[PDB]
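Enquirer: What follows is each chain in one-letter form.
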Amino acid sequence: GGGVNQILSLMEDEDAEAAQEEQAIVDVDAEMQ
Amino acid sequence: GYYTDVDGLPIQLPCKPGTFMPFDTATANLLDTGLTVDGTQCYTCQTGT
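So the protein lines, in turn, are chains A and C. Read left to right, the first sequence gives residues 1940 to 1945, 1956 to 1982 (the authors' numbering). To get the authors' numbering, take the position in the second sequence, counting from 1, and add 1551.
Honestly, I wouldn't trust all of these hints.
Derived DEER-like restraints, expressed as beta-carbon distance ranges [said to hold, decoys possible]:
{"hint": "1", "chain 1": "C", "residue 1": "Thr1598", "chain 2": "A", "residue 2": "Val1975", "range": "15 to 23 Å"}
{"hint": "2", "chain 1": "A", "residue 1": "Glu1970", "chain 2": "C", "residue 2": "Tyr1553", "range": "24 to 32 Å"}
{"hint": "3", "chain 1": "C", "residue 1": "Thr1584", "chain 2": "A", "residue 2": "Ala1973", "range": "42 to 50 Å"}
{"hint": "4", "chain 1": "A", "residue 1": "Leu1957", "chain 2": "C", "residue 2": "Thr1600", "range": "27 to 35 Å"}
{"hint": "5", "chain 1": "C", "residue 1": "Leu1582", "chain 2": "A", "residue 2": "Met1981", "range": "42 to 50 Å"}
Hints are computed from structural coordinates only; laboratory data are not their basis. C-beta atoms are modelled at their ideal positions from N, C-alpha and C, and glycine is treated no differently.
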């Protein structure tokens, strides 16, 4: 277009995301065995 | 509608909200006349959209 001329529901969700990735990682490491 | 940034990409990624990738450069509606849509980079929507 031209450019220049020069909390309570966020951390509880990020912990759930960093636990659901953990679960996926654990389910993936157990399958290659 | 979609785009692909990196070389390897299984599926073409859609342009995120507040962006629009026109079909070709000439067949556009609102693009500043100092740029060309090569696909790989999605241009931000212009004021009043």
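Enquirer: All hints are to be evaluated individually against the structure, with a verdict given for each.
Expert: Status of the hints after comparison with the structure:
1. C:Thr1598 x A:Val1975: 15 to 23 Å: 48 Å Cβ-Cβ, so the 15 to 23 Å window is violated.
2. A:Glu1970 x C:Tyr1553: 24 to 32 Å: holds (26 Å)
3. C:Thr1584 x A:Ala1973: 42 to 50 Å: holds (47 Å)
4. A:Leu1957 x C:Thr1600: 27 to 35 Å: holds (34 Å)
5. C:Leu1582 x A:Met1981: 42 to 50 Å: holds (48 Å)
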